[PDB]
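What follows is a single chain, given as C-alpha cells, in the form deposited without the ligand.
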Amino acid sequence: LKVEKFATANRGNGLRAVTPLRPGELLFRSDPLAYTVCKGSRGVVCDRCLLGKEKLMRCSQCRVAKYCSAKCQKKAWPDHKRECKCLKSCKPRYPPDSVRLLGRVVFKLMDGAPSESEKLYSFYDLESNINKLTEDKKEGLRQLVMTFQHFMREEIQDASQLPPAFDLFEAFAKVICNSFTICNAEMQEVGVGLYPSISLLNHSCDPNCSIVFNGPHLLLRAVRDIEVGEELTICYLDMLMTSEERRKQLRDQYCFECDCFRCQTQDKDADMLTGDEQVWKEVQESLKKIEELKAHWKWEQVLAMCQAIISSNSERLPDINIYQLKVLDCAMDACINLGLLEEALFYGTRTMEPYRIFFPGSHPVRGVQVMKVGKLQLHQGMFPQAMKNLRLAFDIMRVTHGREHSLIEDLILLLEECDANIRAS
C-alpha cells in the first residue's frame, strides 16, 4: 500500500502518501460498496455495467431494472434481489437516487465477508457532519428517511431488521458528503456509489490525485509528484466554477469553507467571467435546463437550445466565459450522440484553449475532451491535427486513466488508425 489513513489537524481523517509517488501512479482501486444508475440514465444504460445500448432487456419481475445482457442481469441479481419488489410497487413513481442507493447499502452491510471497498475506511467511519447541518438540510433528510421507509416497506418494516449500528438519518447525512458520481468513458454522469476507502480523501481545488471510473470500477491515481507524508486530495467539484460558486457548494453540501490557494486568491475567476455580466447571466440561467436535458440524454433538445445561445451571443460573448464554454461542450456532446460530426468538431475545437486554461496539468476531463476532438478530426480526415490531439490525449490520459483503464487501448487504436492514414496519404 502506497497510502494510509491519518488524522489531520482541522479537517478530520485524511489520506497520505506512505512512499514518494509519481504522476500517473495507481494508488487504489475499488468497486463500489453499493451503487445505482442515476435518475437521468435509468433505462438508457445497463443497470449493472452502466454502458449505453440501443436494446436493453427489462427485468421480468419489476420491469424497472434494465440490462444489456443475460450476464449483467445475473451478476446484478444479488444487488437487485431485495429492491425488485420495491421498485415494482411504486412504478411509475421512482425514489430519489440516494434512497435506491441506501436500499442496496443496508443489506450489503450484513455480509460477513469484508468488502474490499472498505479496506481503509468503512461505511460506519463515514463523516456525517450531523452537528454542522442547517435546519433546512435536516428537514430534507427527514423527508428522505420517510421516503426510504415507504419505498422499502415490502422488505423492511422496522429498525430491528437492520444492523443496530445503522441509523437511517445519519446514513442519508453520510451520503450527502461521501457520494461519488460515476461517469462513463465520455464523462456523462450515469450512476452514484459509495466507495468508503476513497471517501477518506479530503478536497482541494488544486488536487494532487484524481479518480476515474471504468464502469462502476474506480481508479485513484497521483496526477503529479507527491512526497512521503503529503496529504492526498481530490477535487470534489466541476473545474468550470468560480471561487464563489465552489465556496457555496462546499459550504452547502460538504459543511466546510474552502481555504485552498485558488479560493483565497480568486484563481482564474476573471477569465471564467469574461464578457458582460448582463449577457452571460442569461447563459448561466439557460444552462439549468440544458444540463437537465443532457442528464436525461435528450440530445435533440440540448442541441436546439445550445444553437440558439451560440448564434445569438457570437458577436458579444467569448468562448472562454465558463457559461458559454459549458454550452459549447453540451452542443459538442449532443452532436456526437446524434452523429453530427462536422458540427461536433466545430464546437469541440472552440473548447480547446479554454480547457487548457481551466484544467491545468493532468485532468481526466480534459484528456477525454482532447481525445474527442482528435477522433472527430480523424473522422474528418484532418490527419496531422488529429495525430497531435490524439498524442496530447495520451500524454494526459496516461496519467489520469492509466493502462488499467480500457479507454487507453481505444486511444491507441485511434492513434494507429491515424498513423496508417498519414502513411497512406
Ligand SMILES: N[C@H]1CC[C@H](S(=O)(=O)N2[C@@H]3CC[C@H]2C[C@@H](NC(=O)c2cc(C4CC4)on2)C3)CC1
Second form
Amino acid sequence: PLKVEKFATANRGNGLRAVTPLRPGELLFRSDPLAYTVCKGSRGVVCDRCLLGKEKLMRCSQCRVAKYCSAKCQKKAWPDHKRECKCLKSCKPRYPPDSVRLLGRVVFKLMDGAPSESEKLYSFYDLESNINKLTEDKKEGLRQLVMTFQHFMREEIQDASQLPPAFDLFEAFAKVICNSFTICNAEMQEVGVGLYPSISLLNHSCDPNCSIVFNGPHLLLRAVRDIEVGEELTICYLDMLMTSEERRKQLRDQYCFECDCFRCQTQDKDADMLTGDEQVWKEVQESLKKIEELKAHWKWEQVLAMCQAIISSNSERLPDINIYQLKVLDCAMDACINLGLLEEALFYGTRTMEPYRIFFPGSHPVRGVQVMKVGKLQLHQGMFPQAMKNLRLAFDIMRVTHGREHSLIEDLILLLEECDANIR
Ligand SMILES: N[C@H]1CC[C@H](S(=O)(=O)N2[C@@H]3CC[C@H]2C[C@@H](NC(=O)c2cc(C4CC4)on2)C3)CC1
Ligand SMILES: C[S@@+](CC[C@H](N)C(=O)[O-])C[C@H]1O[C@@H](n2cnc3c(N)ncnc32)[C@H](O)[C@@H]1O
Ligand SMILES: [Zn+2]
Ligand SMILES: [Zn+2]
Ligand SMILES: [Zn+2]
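The form solved in complex with the ligand is what I want next, because the block you gave corresponds to the form deposited without the ligand; please supply it.
What follows is the whole complex; the chain from before opens it.
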C-alpha cells in the first residue's frame, strides 16, 4: 500500500505528503523513467540503456549513434530507440539538445507504449509548466527548442495526429525544464537525464526530509528524517555546494520560485563557503567552468592538470571548506581515481571529508558515496583500520540514503567483509 499521497499545498502547487509515520531509510516510492536519455557529455562513453561505463561500447548500426555495453542492452533498448533511430539517422550529422532527445522519447512512449508505472501518482499531462512565470528571454529559448524538435523529428512526426491529443510542444518543453532529473551514476557523475512524473510531485527544500538516489536509470525515493502523518515530503533539487545567492538564481531561472526556507532567510553557511581571498576564489570559480565541462566529457587527464595548477599553485591558495576549492579537490580525486593515481586520489579525497560532513548534514547520498570512495581507496592501499571506520560510516549513511534495494549497498557489504577479513 502507498505510504505517500498527492495533495494540494497552500502556496507551492501540488505536493506529496506522508499517509503513515516514516522513519529514516524507509522506501517511499520506486520508479523507472517515463523517458530518459544519456547526457551530452556521456554520449558514447556510457551505455545508452543501463548508463554504466565500459572500455568500449557497441554502436547501433541502424542509425549508428546510440551506443551500448552489451547485445542485451542494445536489444532491450530497441523499442524505445527505434523511432528516434529513424530520426537521429536523418539528423546525422547533427546532435540535438538533451531536452529535445528526451521529449522525443516522451512523445513515443505516450503514443506507442502502455500506460507507464512512472505516472501512477502524477502524469506528464499533470506536470507544472510555470508558463505564467516565464520571462520573455526564457520563452524565446523555448520557441527555439520547439523548432529544434520539429526539425529533429520531421521523419517520424509530421502532424498533430502523431502527437498526443491537444499536445503543445512549447508547454511540453516548459514542463521539461522544471521537471527533468539529472541521472547520476553510482560514483555521482552525471550520466543521463529523465522524467519521473510521480516523483515530480516532490517540492524543494534546501534542508529536505527525503532524498532520491539512482541505480542506473531506476530511481529510489527514501525518507532521510522522521516524518509525521500529513507532513510534506521534500527533496533538495540542487547541489549542496551553493551559496543562497546561487540557489536563488537557479530556483528563479529554472524553477520560477522564491525559496522561503530558513537556510535562505539566514544565508546559512554562506560565509564559511566563501572563506579565503576573494580574488583567488573568483579565479577558481571561473576556472571550474572549464574543469566541469572537461569532467562532463570524461577528459580526466585535462581535468587533473587544471586542478593541480590550483591545488598546488605557486600563488595564493584557498581553505578546503571554500566551496570552489572543494569542488576542485573532488574533481581532482575522481580524475586520479580514473587515472589510477590512487595515493594522490586519497590525498584529495581525505581533504574533502570534513567539509563534506559540514555541507551534507544528516544523511545525504553524496556524502555516503564520498566516504565510501575514501574508504575504498584506503582499503586498496592496505590502510585496513582507517578503511573499516570509513566503510562503516559510509554504511551508516547509505543504509538510509541507498538501502538494500540499491546494488551499491551490496558492493559496500562486500567491501566490509573484504576489509574485515584482512585485519579483524
Ligand atoms: N558533483 C555533484 C553534482 C550534484 C550531484 S547531486 O546528487 O547533489 N544532484 C542530483 C540531485 C541533486 C543535485 C542536482 C541534480 N538534481 C536534479 O536533477 C533534480 C531535479 C529535481 C526535481 C524535478 C525538479 O530534483 N532533483 C542531480 C552530486 C555530485
Ligand atoms: C517538480 S515540480 C514540483 C511539483 C509542483 N508543485 C506541481 O504542482 O506539480 C517543480 C515546481 O514546483 C514548485 N515548487 C517546488 N518547490 C517549491 C518551493 N519550495 N516553494 C515554491 N514552489 C515550489 C515550482 O513551481 C517548481 O517549478
Ligand atoms: Zn548496458
Ligand atoms: Zn539506432
Ligand atoms: Zn531555501
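In this text, rigid core is short for the largest set of C-alphas that superpose within 1.5 Å between two forms. Positions refer to the first chain, counted from 1.
Shift analysis on the rigid core between these two forms singles out 316 from 289, 71, 316, 248 (C-alpha displacement of 2 Å or more). Fitting the two forms on the rigid core leaves the C-alpha of residue 111 displaced by at least 2 angstroms between these two forms. Once the core of the two forms is superposed, the Cα of residue 163 has moved 1.3 Å between these two forms. Here the two forms are laid over each other by their core, and the C-alpha of residue 92 is off by 3.1 Å between these two forms.
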